[PDB]
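J.: Take a look at the letters that make up each chain.
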Amino acid sequence: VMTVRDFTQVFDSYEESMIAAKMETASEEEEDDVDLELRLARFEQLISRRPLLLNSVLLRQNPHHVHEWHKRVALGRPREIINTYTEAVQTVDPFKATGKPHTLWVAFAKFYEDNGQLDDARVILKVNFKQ
Amino acid sequence: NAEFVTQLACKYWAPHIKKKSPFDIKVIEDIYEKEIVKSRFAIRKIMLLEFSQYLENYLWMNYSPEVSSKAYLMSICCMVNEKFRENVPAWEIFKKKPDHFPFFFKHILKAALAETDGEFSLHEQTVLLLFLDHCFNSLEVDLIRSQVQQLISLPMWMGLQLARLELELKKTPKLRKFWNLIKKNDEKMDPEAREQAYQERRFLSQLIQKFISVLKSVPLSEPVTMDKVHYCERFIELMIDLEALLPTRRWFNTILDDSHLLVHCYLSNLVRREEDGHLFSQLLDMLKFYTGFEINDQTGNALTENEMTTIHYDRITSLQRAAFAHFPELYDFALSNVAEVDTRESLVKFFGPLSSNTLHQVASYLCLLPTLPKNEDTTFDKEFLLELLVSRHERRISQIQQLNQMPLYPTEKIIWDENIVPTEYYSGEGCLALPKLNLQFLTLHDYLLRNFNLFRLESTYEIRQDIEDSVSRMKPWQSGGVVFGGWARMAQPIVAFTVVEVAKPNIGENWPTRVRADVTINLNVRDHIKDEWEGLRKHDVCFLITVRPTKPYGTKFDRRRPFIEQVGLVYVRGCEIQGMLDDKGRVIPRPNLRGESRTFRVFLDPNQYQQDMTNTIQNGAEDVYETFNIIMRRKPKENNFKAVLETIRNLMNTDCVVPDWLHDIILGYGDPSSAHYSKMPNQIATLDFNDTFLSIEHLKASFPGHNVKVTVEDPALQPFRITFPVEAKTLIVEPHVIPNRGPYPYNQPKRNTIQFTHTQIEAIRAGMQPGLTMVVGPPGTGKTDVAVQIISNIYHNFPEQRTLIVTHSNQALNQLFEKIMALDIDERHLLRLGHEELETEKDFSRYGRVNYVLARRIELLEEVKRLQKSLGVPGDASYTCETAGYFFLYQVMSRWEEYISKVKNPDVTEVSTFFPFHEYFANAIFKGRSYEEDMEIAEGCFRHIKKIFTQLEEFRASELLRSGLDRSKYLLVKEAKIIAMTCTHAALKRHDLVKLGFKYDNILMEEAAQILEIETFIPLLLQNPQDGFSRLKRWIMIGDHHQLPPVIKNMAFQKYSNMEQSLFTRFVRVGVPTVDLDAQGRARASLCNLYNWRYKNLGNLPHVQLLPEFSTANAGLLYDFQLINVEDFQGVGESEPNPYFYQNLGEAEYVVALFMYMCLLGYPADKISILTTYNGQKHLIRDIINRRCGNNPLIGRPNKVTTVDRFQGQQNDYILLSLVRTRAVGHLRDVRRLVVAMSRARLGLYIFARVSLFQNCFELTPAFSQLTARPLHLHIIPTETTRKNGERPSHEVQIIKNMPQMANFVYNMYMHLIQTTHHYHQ
RNA sequence: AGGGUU
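Sequence order for the protein chains is A and B.
Sequential numbering of the first sequence, starting at 1, is according to the working numbering.
Sequential numbering of the second sequence, starting at 1, is according to the working numbering.
Hints may contain errors.
Just a few of them, taken from the derived set where beta-carbon distance is under 10 Å, the chain B residues facing chain A [unchecked claim]:
id, residue
1, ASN337
2, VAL338
3, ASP342
4, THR343
In silico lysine-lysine, DSSO-like type, Cα no more than 30 Å apart, as pairs [claimed, not checked]:
id, chain 1, residue 1, chain 2, residue 2
5, A, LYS71, B, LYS504
6, B, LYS349, A, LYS71
7, B, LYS170, A, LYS110
8, A, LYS96, B, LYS349
9, A, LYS110, B, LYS349
10, B, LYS26, B, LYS96
11, A, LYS96, A, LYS71
12, B, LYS349, A, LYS130
13, B, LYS97, B, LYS18
14, A, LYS100, B, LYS349
15, B, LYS19, B, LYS96
16, B, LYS171, A, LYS110
17, B, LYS504, A, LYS96
Just so you know, these hints were derived from the structure itself, not from any lab.
Note that beta-carbon positions come from the ideal geometry of N, C-alpha and C, so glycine has one too.
Produce the entire structure from the sequences given, and follow the hints as far as they go.
T.: Structural data, given as structure tokens:
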């Protein structure tokens, strides 16, 4: 049982082996689920791997895991679009994603950049709710 | 007017009428208007005309431009269409006289485009649609292809909108030069040829416009004529076929897109009609699949995921470019993220608020519509314009994601839908929403999906039938509860049902990874039924059924009436048994459970579960899984559908790595000969043919066109190696000596005894080489001997290349292993897989092989002990495989190496003096003649000893693996070199085999033309790829496409989809070169004539030509075969006591009487088998056998009384055949059924039929023209053997002119034998 | 219709 974990460290030392390792982690995943987050920090074989990372993010209520999952998805334009969609669907917080898109949307020449910037500004803009 | 059409036939064109009236155009005009049109194109009328050979004998051979008319054109198309409906060759007469076909074809085109409701009615133009569909589906016919080319080539693009054409030429700049070249060559044309060319180039695009206007004429709710519906249906069928074939798709796909047909269709009133447009909708979904199919139109390659994404990204990008530059009201919308903008939802949000004019303008900038002139309003609907832009740009899910969301079980919404699950009553007049099998497929996904869906539909239909049979028997009645008035063997009331697990989805999926449930039944039944229900095992599929009965208690059920209303059918769901629970709550030395309650844990389809849950949560639908009150089981052998579908899905999911030299041929395009051994780059120059040739004379005779040169001149020195060139007709033959295997002469190898013909040799030669080898083996041409010789040659030439053998039946496997046993193949290298009565002398199952190894290990370890003692080594302990290995290296190899050091590094005497193993071989050495001889004798002794230790090293695994299952795994993965199974087993076990790491290099198949397409493909992938490539080195297929095809339970799937077509047959049709075995050895030459006309040069082997047993006549019968005319008996010919249960009392009684006659003559009753083409007649002949023979001592029983279809691969000395039919020819018109029927007899064939009916059938003529060359009245010789086939008999020949005369004769003959003899069995 | 050591 321990041997599989030992093998995983060997896989960690190192594509198919990555599949065996990711399967070894997804076999269920506590701190290990966060570690998959490390896999998102490193590499994702396919949207499916990214989807699994997203599932882990969904599983943990706290915000950072979800942010990491979104990042994994991006790593270009399609990934950025997916991140934007997630932000639109996500009502959790505007700060982590705010800065992300800012630097992410600095590789665009025209229209969408000015228009995109305007859209970002629009998104940014009892008691507190009334204000 | 059946007497009218028939009298006309007799006068003007019928076969077997010496002199006919000359051609008269008015006959064609009269028949079309008064018989075909007036009867509303009645199928029976059209059948009669077609069967009477109207097309071949009247229509086409008298067709010319000067006589061509509407009636003439339509009549030809009706006949061709009917031939397709009946699955008989449709194009032969056109191929015979091709001269006027181009004129005819062009005018079919004109007629198809004729103004709606004009000269041609909509039905008539539907007939033309179907005819043209057949044409496009028949481009393999040169005559048809040469006409269709101009309709579907690049020049057809002049039908494109001018802006779209330019867009495409800019997209693929290399296209423009070819476009220019076309325009140039067009200049060289005279004005009429140019006009004809332009009309042909525009045909399909103009046909689309005609369809669109027909479609628009369909009202939303007001009554609609069925002719409009059916026209639209057949049109989409045509679109699908054009789109699903690359040569027709290549340029037409762009044309279809430019027309926006698909958007028109999805917004149409017709699809909105829930009943009328249902079939149209399902056909539409198929078309949508292909218009968006993942293939590059120009390269023909499948599109990657990246390429798909790029295509979608580029579309959005160009839409945003146009948005930014020219749209102000929607300018803010352009600035949107491409992903956010792309979903259907986002696109509707952005373009939905815009005006019709603006959307038209947007579309125009994308070259989708012509420019909207300034200040003009668009003529298009806003919903059209919106759906045009939205559907074009929205996100699409891939074909794989689409497949992975399909439930593997049919629901109540599928099982009774006869558009996709037709009954056996399907006439072929309407079309179905089904895939078609012909020659080509777009990609592997297309190929696999067509087979997936076709397999899926038939299984669902079978399941529905089973449910109807078992649920009806239960008699569900109202009590608002249900009470069951009857009981069923295969279905039980559910006592309890509970979903017990809904597992979380895997990453990238929206369905639970696993859904399980507990279902309880109360086995208050007969112990036989209790046992069967307890006989359920893991992976068994059951169906969960919900009835809410409609009838009060006691209400009679009528099976003729709609089943669903009869029992109140509400839901059907599938499930798969995990296991029965025991009284400790464990999923099942099986226990004896107490009481009558039983609970099974089952798997539910997770996709179906999610859909049902989604439906419940979103739409308030009731929870289906709280309603089940019936569970139905099935026969295990008929219930593998779910496993097969899963395997196919897995294959689609994997990279499907087949050999690169196979991929194109499998898909049916490219050079059909490119996998022949002569074209393989890795063709082997020198091969050891071992024991293939019996002598150098046999070898020389085996290669007629070659010059044989032997490496040794001495005729006494002439196994053989043969080297093939790369003058070039020269073969270099090297005789060589089999290495001595020890001092026991009985350990010399078994040898082949079959003197293979030069053709059989070509097959064996091909099978030994890399690549695709296809062998066509007519009845009795030695398919099995060819097979085992190939297997043997591969075994010896390439040790540790593993061979996979796949057949259709266990009988073929029995035959292969029987012949394998007579050859030099070690039985430790043999393995047979299966889910069976042992029929071979040895047991090659996992069980038999584990047992052999265990018993052989014991004997060999005892030899090691004897060797130890003969060497004077002390030690009382027995050896294991482990210590035997140590012993070999330490005691045996050492002694041998020392010995070789002395005598091979030199007298005859020292070979024997220093030989280290004299005492061990005392029970068996040297001759003292020459060094070379005795040295090799010594070498052979060492090989003998080494073989003992080689085996023990292989057998060590049985010491490391205790269980029989692990031991069998070792044999399967490692030890066996020859592994055999049925295609059925291969399909079921593929998953387990891949998981085990099963590996193999070569595949040989038998009965290949009896195996379904997809079940032929699956055995190619029972292993993982190796370094990115398939390990497969050889593919040998042996079969006969001129005999019967795979069995399709519901023949509607054959009629519409050609689902019976094997891969073997498709490959022959595609043009893959075949080796055609040409000499049969099991039947008389005279009998062989009845079917050898069907094959290429099929003659007879010498022993058939020369042995007395084939020239000895059949006692009491003048002829060795006869066709016997049987008229009516008591006013009846064919009869039908139950629907489709065809019988013929006159024929049956005659057949039985003949069987009795033969028995009373002293025939071995077992050497006679009785065959017929219908099950109804089979039971009737059996009925008469029991009621006329009964307890008769003088009369035995025939070996079998069965149908021709159930007698495939079987034979007897004498066959009595009843053809039954008197009204219509029926399924014997299939020449393959004919050939099988003509070849079941070794020595005697006697056929009883209404001769006139079958004589009139054109396809059956080559057989029946031979059969009617002899009398149609049975010639008997009742006082009779050693009489020869040709010699005039030395007895009286009496002629029986009918059945009653025969039944009289046999009665009198028997009553004379009862008085004069008395036999005694008790 | 399937087998193993402080």
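J.: Quick check: which numbered hints come out false for this structure?
T.: The structure conflicts with no hint, since it agrees with every one listed earlier.
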